[PDB]
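Here the structure comes first, spelled out in structure tokens, and everything after it is commentary.
The complex appears here minus one protein chain, its other protein chains still in place.
To keep things simple, chains are lettered A and B as they appear, and every chain counts its residues starting from 1.
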Amino acid sequence: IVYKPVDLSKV
Amino acid sequence: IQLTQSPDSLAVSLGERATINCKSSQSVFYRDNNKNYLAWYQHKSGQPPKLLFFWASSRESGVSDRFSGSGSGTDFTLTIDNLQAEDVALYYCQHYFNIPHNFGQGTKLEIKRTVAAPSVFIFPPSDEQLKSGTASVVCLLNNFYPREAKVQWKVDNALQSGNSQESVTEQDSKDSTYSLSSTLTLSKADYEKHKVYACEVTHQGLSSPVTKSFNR
Partner (left out) sequence: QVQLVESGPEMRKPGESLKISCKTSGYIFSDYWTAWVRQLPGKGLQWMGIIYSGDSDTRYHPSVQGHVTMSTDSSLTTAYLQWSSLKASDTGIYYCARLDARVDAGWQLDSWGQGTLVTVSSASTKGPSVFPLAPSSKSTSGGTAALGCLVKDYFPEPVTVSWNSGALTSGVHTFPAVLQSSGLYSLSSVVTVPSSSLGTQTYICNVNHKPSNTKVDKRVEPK
């Protein structure tokens, strides 16, 4: 199980 | 994280509610954002995947009012009310919580309509092909439902075997029918030996076998 989503918002 | 859709295949009638469910092995709902990292896709024949939903429930611009995104945590649901003929497609849920952004296995949506008998046509081989050395007789079953049709080739009333190839279309987006072509391929030498070339078609819509034929 994993709670942090892998962020991909480079902006 | 893996996605298992349910069902794999589904036949639904024009005007009924179609229900496609999606199940996560883990969980794509991040508690801080109050958002489900998950989308839904439609995939018609001869077109790329069109996006239906994202953030589980939020609808894409131009997507039909009849479509609905719903569910949370592990379990999600696509709901197509008042089913139209154009909705014939493969459907895919997809997460983007973590990498890889896996799609589901795929849910095939078939449309159920009334029984339509085929319009059977036959084409003799072209003079261009006969000069090249082969002879291909195309039989064409045009616009029928349901999917299941049989063809039998008969060269001078004698049942052929081992020398024909057929293919069904995908289901149609306007009138929900299937079409089928069959190609009896012979040599020019063998083709010239026999007179009558017939295509006997069986189908649910037809009460008896319909034979479309010609003389060489």
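Structure notes:
Following the convention adopted for this analysis, contacts are C-beta pairs under 8 Å (C-beta built on N, C-alpha and C of every residue); 3 or more make two chains touch, one makes a residue touch a chain.
Contacts of the undrawn chain with the visible chains, over the full complex, involve A, B. The chain omitted from view is touched by exactly one of B:19, B:74, B:77 or B:105, namely B:105. Here one chain is not drawn; of B:79, B:136, B:152 or B:204, the residue touching it is B:136.
Among B:114, B:165 or B:187, the one in contact with the hidden chain is B:165.
Remark: the omitted chain is touched by one listed residue; of B:10, B:14, B:90 or B:206 this is B:90. Annotation for chain B: contacts to the undisplayed chain at residues 8, 33, 35, 37, 39, 41, 43, 48-51, 54-55, 58, 60, 90, 92, 94, 96, 99-103, 105-106, 108, 119, 121-126, 128-129, 132, 134, 136, 138, 140, 142, 165-169, 179-181, 183, 185, 212-214.
Against the chain not displayed here, chain A makes contact via residues 8-11.
As a convention for this text, only the chains that are shown with their structure count from here on.
In whole angstrom, the spacing between the mean C-alpha positions of chain A and chain B is 37. Residues 1-3, 5-6 of chain A touch chain B in their complex. Against chain A, the residues of chain B that register as touching in their complex are 1, 26-27, 30-31, 37, 97-99.
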